[PDB]
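The lines below spell out each chain.
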Amino acid sequence: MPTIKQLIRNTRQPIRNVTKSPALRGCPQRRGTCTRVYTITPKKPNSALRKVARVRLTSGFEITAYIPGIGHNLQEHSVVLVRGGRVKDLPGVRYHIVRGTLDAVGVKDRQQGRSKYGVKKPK
Amino acid sequence: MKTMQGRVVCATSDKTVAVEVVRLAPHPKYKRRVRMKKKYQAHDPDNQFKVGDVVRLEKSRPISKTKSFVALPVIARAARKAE
Amino acid sequence: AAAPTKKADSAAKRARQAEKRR
Amino acid sequence: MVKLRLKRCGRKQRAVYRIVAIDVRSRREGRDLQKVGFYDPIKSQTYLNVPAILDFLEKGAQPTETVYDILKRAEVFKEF
Amino acid sequence: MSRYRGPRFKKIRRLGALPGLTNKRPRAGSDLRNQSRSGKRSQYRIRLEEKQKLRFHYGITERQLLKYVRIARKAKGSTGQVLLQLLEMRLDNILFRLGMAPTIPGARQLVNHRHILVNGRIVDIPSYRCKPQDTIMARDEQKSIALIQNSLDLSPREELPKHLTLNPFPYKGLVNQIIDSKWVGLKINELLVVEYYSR
RNA sequence: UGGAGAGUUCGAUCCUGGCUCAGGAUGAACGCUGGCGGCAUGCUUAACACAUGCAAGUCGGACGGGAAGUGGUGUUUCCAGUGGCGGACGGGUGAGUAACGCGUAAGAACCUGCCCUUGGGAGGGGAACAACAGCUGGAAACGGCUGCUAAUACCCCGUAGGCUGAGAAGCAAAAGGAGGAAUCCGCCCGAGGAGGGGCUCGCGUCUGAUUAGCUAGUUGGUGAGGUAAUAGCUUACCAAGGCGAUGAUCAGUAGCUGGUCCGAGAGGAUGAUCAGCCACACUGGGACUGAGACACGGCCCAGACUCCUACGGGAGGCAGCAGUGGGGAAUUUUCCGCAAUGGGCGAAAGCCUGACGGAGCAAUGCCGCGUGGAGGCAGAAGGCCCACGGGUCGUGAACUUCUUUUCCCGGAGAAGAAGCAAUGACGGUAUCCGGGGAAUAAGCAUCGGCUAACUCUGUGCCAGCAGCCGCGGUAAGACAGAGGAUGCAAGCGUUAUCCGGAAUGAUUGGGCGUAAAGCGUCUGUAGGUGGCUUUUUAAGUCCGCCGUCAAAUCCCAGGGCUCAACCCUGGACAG
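Residue numbers (the deposited numbering), protein chains in the order written: chain AL, 1 to 123; chain AQ, 60 to 142; chain AT, 80 to 101; chain AP, 1 to 80; chain AD, 1 to 199.
None of these hints come from the bench; they were simulated from the model.
Everything hinted at is true.
Think about it this way: if two alpha-carbon atoms lie no more than 25 Å apart in a straight line, the pair counts; the simulated DMTMM-like pairs of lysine to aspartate or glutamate are:
{"no.": "1", "chain 1": "AD", "residue 1": "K10", "chain 2": "AD", "residue 2": "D31"}
{"no.": "2", "chain 1": "AQ", "residue 1": "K96", "chain 2": "AQ", "residue 2": "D112"}
{"no.": "3", "chain 1": "AD", "residue 1": "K76", "chain 2": "AD", "residue 2": "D134"}
{"no.": "4", "chain 1": "AL", "residue 1": "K5", "chain 2": "AQ", "residue 2": "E79"}
{"no.": "5", "chain 1": "AP", "residue 1": "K12", "chain 2": "AD", "residue 2": "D124"}
{"no.": "6", "chain 1": "AP", "residue 1": "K43", "chain 2": "AD", "residue 2": "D124"}
{"no.": "7", "chain 1": "AP", "residue 1": "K72", "chain 2": "AP", "residue 2": "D32"}
{"no.": "8", "chain 1": "AL", "residue 1": "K51", "chain 2": "AL", "residue 2": "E62"}
{"no.": "9", "chain 1": "AP", "residue 1": "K43", "chain 2": "AD", "residue 2": "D134"}
{"no.": "10", "chain 1": "AD", "residue 1": "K172", "chain 2": "AD", "residue 2": "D124"}
Kindly produce the complete structure, drawing on both the sequences and the hints.
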């Protein structure tokens, strides 16, 4: 342990803290309009065609976001809503998309996870 | 009223003496003694107390905004550095 | 609906009385 | 000035009603400098500390409507 | 949901031990197997399956049980035993051990439909803690029902637990004192359940 | 009565070590779903800009009157006006402020409406003035002349403890009004009490020193000036100091605390709701009135906006309640009432009072209940698996007897009202009795390992999954669907955020030969520590006691709403 007399001179205290995903002033979700909807390749162990879109937030920042599930309907003028979660396979992508909200539609014919992916109840 | 003891460091001021009070007090979070030293501007209208004298300070009527304490007694003589 | 006669809550009344005490 | 009455602590249907020693320029349910006693409406619980009363009333305290009646319901305030 | 609805004797099976969710059903578990040697259960499995055995027996939820184990931990005395004190004092459990109801899930409906009186007054709440010297009886209007008459017709022969004393003719049962360790006849280890909540 | 971890850096092992997950919590949002009740809570993002209504008025037992309404034949009562008191109470916001703002402990140089204890006095006069009336300038706002008039409007005179003064002496106050064979209230001065509000001092009060210098009334001293009061608060002069590494100044950020969340504790992160304190209220500045606010709903000036105009000139500002626009992931009825508690006024009645008491919207959270109970086959259809010899979903269902809270319908009906022609918003209230009938009421996540729970198909590094290690290139329990199972529950799941796990800043709890780590080596100031004996001091320390540590949280024991949440007595604790 650092000696008791050096603990009065220096006094150990943490930092200003860095955030994992800057979604402003402690806000859970953030709204924004999609600028460019493109397709990008993953890292070294994976090889697929993942759909990523650059979302222009309400603050003025343009960060990338991942689209979950099979099939979507996001255009160049679509008003989407982000979540805030890393994928760790695609570099730069720190956000996720909440489907079933605003302009983002839910996944068709999905029977499993209806709370996430934004799917309604089939009768 | 409260009484605090200390040594005079500066005497080059008209009817005012700068008294440095040393106070030893243990830390509530830790255990060891942490020494704090704050200087008080005492009143001396008779200009008897010079530099190096250890006097006790009592609370009284504020003669200015910084001064509120007066020097009433004297416990010992000159305990300073040699010229 | 509005009243048949004229009325206005004078805020200058409390100011005139304050000027008289001054 | 200072007066005697009762405040509110118990909300909704259950109005318990507090103790008293508060100023008129303060709140309905705020700061109280000294404690005394209270009463519960739908119960047989009636306190009202007698050595605290008469000791506070001698120095400019006004006895208002609510502190009264509950004062004469007990053995205090009579021709004794 | 307040009390589990649906498959009752699915939990009497699988777990090994046989509780009283109904009357009496077979020892064997579900599926084609389970009648042979089961797989090696982990250290965390013995803490999870033992608390689910105590939760299902009384027909209590996880939200209500969480309060009865925390207040018992903050209170003075042996923690492991005072979990079974506040859980046995429930009006739906003391009704099963009285002989007025065949099981615990059917005893909650008996208290809710206003059939039981406590000290003269009528209580609807099953999660009500029954303090000693209380008279748990039936109502004068609900004395003529065929379900209450059939359950108390089998009771004058069977011996009731030592902390209770039932009188067969006036249909009333008194609770004298608190239930202790050797007075409990359940197949549950109370030291494995208190170790789960403090992970 | 309080302290469980595991996965992953290797061929592997043991360390070191970062990352990740299991927990709880959050005035939360989103997605799916959605039966109620009790209690609490609800722009945390623009202190942004605001339609409308309301949020402070009350007294004629202070007056000149009487424009309404009700009697009588002039009294209740009362529109305006003079005057008294309150608009500096309450409500809201936290922008600003790390600062003598706040918290804790002391101090002296104070003021202080209404209330209260004590003593004395309350005599005798004067000149006006709104309202009103006759004219009159203007679109309006706002007014401009002349005349009449009352009072607890005002101003003298007389008297005077107090004040000034060493003393002698000098000098300043007034209101009267009501019921009654003289009571009640109020008025003026002084000396106290109480309560409130200023002022002084010390400690603790964020981060960055790749901000180390800062400071002229700046520090202090004489004299006048000034404040309720000490005082550089102020002016002139004299001295020239004053602050700083126990870190000033500067920059960024921020209301403080009681407490709240987590945690075994310590500690860490915060301080929404409730309560104390401070500050602000269109922005900046200033003064007046008054005991007190240099004052949200007061005034004046300037500025940016909105609105009116006969453009000459004027009127406003919700960080009060409810609402609009806008922003935002997101946060509600432009409701009812004075009945209850409280505030303002009044000798009362009574009036005013979106303070508040209630209701409404919202599963936002906590708590309780309910959506069925027993009985029922040799395990029926119909699905999933199948070695097709079966098994499972399944007592699950159907089929049978039974009870029916809550929801619905009908009849009763406690208490919160003390006051006291018997006075309630809430209320078709709580709760109770009866009548139909299970009749109206469940889902969500997950199932490779940590994580509690399985296979068969389809797809097939394709499409997709994912907190981490990682899964998918034909039979992958980690994709997609189904059967089944697990967990939880009207909640569930996801995300955000703090704490825990991190003895990974360790004060309680860690380390520096090689894993990150002794500065290359000495001298040495401040600072930290310091042999032995006796006496003394006793400051630290320790014991006891007296204050304060607000209340409410938390904890212990005990009560009341059918339980609980919640509410509540005393104690404990406030280190």
